[PDB]
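One chain comes next, on its own, written out as structure tokens in the form deposited without ligand 1SQ.
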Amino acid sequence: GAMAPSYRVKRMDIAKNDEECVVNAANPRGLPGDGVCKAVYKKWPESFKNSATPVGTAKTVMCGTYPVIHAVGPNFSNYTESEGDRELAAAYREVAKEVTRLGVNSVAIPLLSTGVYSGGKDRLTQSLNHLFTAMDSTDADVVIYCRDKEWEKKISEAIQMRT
């Protein structure tokens, strides 16, 4: 575990993280995809061997000794708000189980279902609150990755509001 488990946020490419493992915002089919998923495919292509897994689950594949946790958030274009919310919570619970099993002291994590799977809605608070629900009982240092300056400020405020 980390000596004093923390949350932090950084505004940069999650493919250049400084943590002991990465969470991919994966598609169910293990395809290279776009956005975070395509950056993760370029950096760790070996981790897409048999990475296909259903919505609401996470599947870890090792790139050398570096774990890639493929977490499949729901596409809100296809899911109802209710079922989508349940699957988004479940994906993060499966991430916490994998981070625990791996025994890592740190993990790089994107906000699931906030990009092309958002169904055109702002889901920063929804996704971050499910991330906290899952990861609060873990002792890894969590580093959240985002690309927007306003999102960075809002995620940082949410972290500091609890401290």
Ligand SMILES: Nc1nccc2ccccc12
Second form
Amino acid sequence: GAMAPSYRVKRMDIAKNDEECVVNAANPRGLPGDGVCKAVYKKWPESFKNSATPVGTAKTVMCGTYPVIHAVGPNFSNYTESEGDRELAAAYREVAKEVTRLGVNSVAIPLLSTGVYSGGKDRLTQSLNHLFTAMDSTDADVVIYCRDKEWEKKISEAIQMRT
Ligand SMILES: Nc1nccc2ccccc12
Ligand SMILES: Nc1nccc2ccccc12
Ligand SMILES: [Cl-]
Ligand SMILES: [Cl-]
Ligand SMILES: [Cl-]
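Mind giving me the form solved in complex with ligand 1SQ, seeing as the form deposited without ligand 1SQ was just shown?
Below is the entire complex, every chain and molecule, led by the chain shown above.
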């Protein structure tokens, strides 16, 4: 694992990450999708072979030797706040298992269910806190990728607050 495991945030395309593996904000059917998922499909299309997996799970498919961890967050348009919150926590716990199994020293990760699956709500804090609950026990360097300038500041602050 990393010598001093850290969290960092960068405002850039996750398809251009500098980490040993990537988490996709996938859909359950392994379709090219939108946003993060479409950028991952363009960069690592080979990783979508048998990538379909249920809501609240993660499935890893290799693009050459580069791992892509397909994590399926809930679409809060379809789920109740209560059940959606449970599936969103579960998807991140499955990401932590896969990162540990792969023995990577670093992982690039988006905030699950904060885009078209947000059901029109700001879910920065909800999603980021479930990311921390899952990843805190792992020793990989975690690099969170976002698009919005205000989200970059809020994620950076939330990381710094824990020290
Ligand atoms: N700044 C930034 N962050 C994430 C994705 C992007 C895609 C294309 C241009 C800029 C982007
Ligand atoms: N490509 C990409 N990378 C990071 C964050 C994103 C957010 C929204 C759209 C695309 C993104
Ligand atoms: Cl960019
Ligand atoms: Cl989303
Ligand atoms: Cl964003």
